[PDB]
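There is one chain below, alone, in structure tokens, taken in the form deposited in one PDB entry.
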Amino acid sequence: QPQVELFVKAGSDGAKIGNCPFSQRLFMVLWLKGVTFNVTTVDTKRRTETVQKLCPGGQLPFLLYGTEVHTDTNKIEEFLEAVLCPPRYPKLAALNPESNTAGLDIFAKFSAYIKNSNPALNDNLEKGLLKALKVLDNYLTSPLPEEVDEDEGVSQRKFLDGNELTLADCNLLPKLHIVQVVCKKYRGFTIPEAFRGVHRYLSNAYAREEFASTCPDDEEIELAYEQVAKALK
């Protein structure tokens, strides 16, 4: 009911949505809440008077909820999940605490792999990324408490916590998107088909407009990584 406006980082043209997994995460949350909201891209190099008055500190993303400004993605998400409550808006929080931690090291192992310029560490950092993807794949093929005794021993649910998207998917999918896009372009690296749980996860995720329509363009994600990703000769 109070106006909800999400301020995200602008891409290469200073206008369109830029590479930012925290901006896409909140976008996915506001989408799954069913609330009315706008998104305003911010070019950090050419900040409008409006933005400098609203958020003098410069933090992005930030949220205007009515007249109050919220900073820090995790705090913004906690705020949105508490205030947009049933029956008008769905609870998005996962039931199973492990849904919130599965694959949460993937992004850090990716960052080390893609920022690495030492040819001698490429293999090691690849195995590190593969291992973390594997831990996720185990979680995704582990049956959840709701699947209790119902391909014996294998989960076939769609997302981290069940067949509905949760806050947990909102945090992980934007990061997994970047990993896929950036490793294809710059390392000829691809999530092995053997990780059947992870490929089923992503196929369900790309099918849902909440993920697919909140993704920045491949071209933006690749430009954001070109400097660090090419340092590896």
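Between two forms, the rigid core is defined as the largest C-alpha subset superposing within 1.5 Å. Residue numbers count along the first chain shown, from 1. What changes on going to the form deposited in another entry:
- Of the residues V182, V198, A205, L63, exactly one exceeds or equals a 2 Å C-alpha shift between the two forms once the rigid core is aligned, and that residue is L63.
- When two forms of a protein are overlaid on their rigid core, residues whose CA moves 2 Å or more are considered shifted, and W31 is not one of them between the two forms.
- Relative to the superposed core, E164 shifts its CA atom by less than 2 Å between the two forms.
- After superposition on the rigid core, the Cα atom of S99 is displaced by less than 2 Å between the two forms.
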Second form
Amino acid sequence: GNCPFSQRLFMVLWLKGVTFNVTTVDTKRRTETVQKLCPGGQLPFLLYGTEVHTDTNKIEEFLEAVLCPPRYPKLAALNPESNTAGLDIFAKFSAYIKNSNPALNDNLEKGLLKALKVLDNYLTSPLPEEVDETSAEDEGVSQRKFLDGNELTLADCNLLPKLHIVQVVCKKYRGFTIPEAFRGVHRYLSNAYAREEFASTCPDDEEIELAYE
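Output the form deposited in another entry next; the form deposited in one PDB entry has already been displayed.
The next block holds one chain only.
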């Protein structure tokens, strides 16, 4: 499976309150170390067509259990749906970007769009906690910042690195962007990119670009 020393784990650490030094020297030392620890590859692998969408990170499980309340905040989502929202996106991305037959590109692109749209609908439908909240402009449209509410959870730690990779690699190598009509996905990514826990653990475009040549 995937290298467990990943942006997902970095986000978990930062959200637990265990932050890193934010310098290029630290980025390099971290990257070199993870290269040693995960010689087979450090960013999440592309999936094959029939693969289930699980991606267990044992170190994440350890940290959530042992770095726990009261000393550390609990990061697990409250709504089970949050833990599966968008999970198929990296898979649809994988099939789309691995394909070099132009004849299959349209069906595969639509597959990725459709999985994005499913996420968008999750992001724009109210969660239980929102039942008596008032939407800003359109009745019954969710305005929460992240998957499970207004706080980052474990579910966001897995999804956002992957979504960010999808965006960088598709933009670079296909000229594909996530439609602006997916307002929930764009709000989500905008709120995420504004959080140091995501932005400071983000690999620069060049590391992502080179990873997926």
